[PDB]
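Starting off, we have a lone chain in the form deposited without 2,3-dihydroxy-benzoic acid, written out as structure tokens.
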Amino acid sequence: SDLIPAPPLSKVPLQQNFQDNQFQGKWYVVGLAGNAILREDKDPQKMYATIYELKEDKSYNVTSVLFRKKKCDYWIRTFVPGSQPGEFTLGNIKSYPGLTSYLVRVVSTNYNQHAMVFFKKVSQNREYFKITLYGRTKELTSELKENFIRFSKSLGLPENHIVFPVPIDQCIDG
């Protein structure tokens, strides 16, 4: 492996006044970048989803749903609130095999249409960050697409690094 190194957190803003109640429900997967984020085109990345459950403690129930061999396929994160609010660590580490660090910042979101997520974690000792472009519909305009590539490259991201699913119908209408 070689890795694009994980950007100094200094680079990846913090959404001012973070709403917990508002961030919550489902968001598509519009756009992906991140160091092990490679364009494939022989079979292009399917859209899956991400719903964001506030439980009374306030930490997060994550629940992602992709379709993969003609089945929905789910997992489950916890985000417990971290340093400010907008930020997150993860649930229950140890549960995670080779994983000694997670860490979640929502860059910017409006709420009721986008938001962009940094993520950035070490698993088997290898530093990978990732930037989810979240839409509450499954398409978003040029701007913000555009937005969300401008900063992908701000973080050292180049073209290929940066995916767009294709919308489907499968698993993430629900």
Contents of the next structure:
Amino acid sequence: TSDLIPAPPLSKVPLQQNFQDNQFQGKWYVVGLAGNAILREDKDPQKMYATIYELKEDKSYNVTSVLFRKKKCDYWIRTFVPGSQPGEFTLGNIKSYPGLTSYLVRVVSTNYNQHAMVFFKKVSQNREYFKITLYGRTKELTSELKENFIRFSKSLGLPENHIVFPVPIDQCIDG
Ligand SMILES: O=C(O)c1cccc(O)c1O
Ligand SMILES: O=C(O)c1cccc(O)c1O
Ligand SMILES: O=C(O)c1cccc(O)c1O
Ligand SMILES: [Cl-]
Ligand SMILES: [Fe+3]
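Complement to the form deposited without 2,3-dihydroxy-benzoic acid: the form solved in complex with 2,3-dihydroxy-benzoic acid:
Entire complex below, previous chain first.
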């Protein structure tokens, strides 16, 4: 029902050159998060969660995000399939998600052992949603990388109340 900031043309979202799927694997913490249905919530700040990418034999990722919610560890699980050029992905078993007609992932940049920026886009009940995650191998990143992520999001038309920085926690996400 509610109006949405439109998705940007893909022409504005870079693709990472020579993507290495082996080195992008393992666990990443979500240290920055923006998108058109992401809202700053000062009363109740978003908490850091993690996303583990596991490379399978068939070259798909099995993908698990671990979050802390209502005193418990939640697990959100899905398969990312290699898309039309390397470092992009489509969603496996799209039909089994009600309302979902379109899903897209594009890794924007990464140095594989410190940080990454990734882009996501879905159509759900004919509404078009998008987000950008700032990832780290630890729960901390520098001012430089964070201002880099604020500039890139703003370049996609997101104002600053649609850009947030999950607070580090120890429950569920560690290992
Ligand atoms: O639906 C979720 O809980 C969720 C968790 C991690 C990452 C996502 O994109 C999600 O939609
Ligand atoms: O956010 C979602 O709706 C979603 C749907 C299907 C698969 C996913 O990984 C998601 O995050
Ligand atoms: O949560 C979201 O806003 C969202 C947006 C685009 C794609 C997703 O998977 C999401 O979870
Ligand atoms: Cl994520
Ligand atoms: Fe999602």
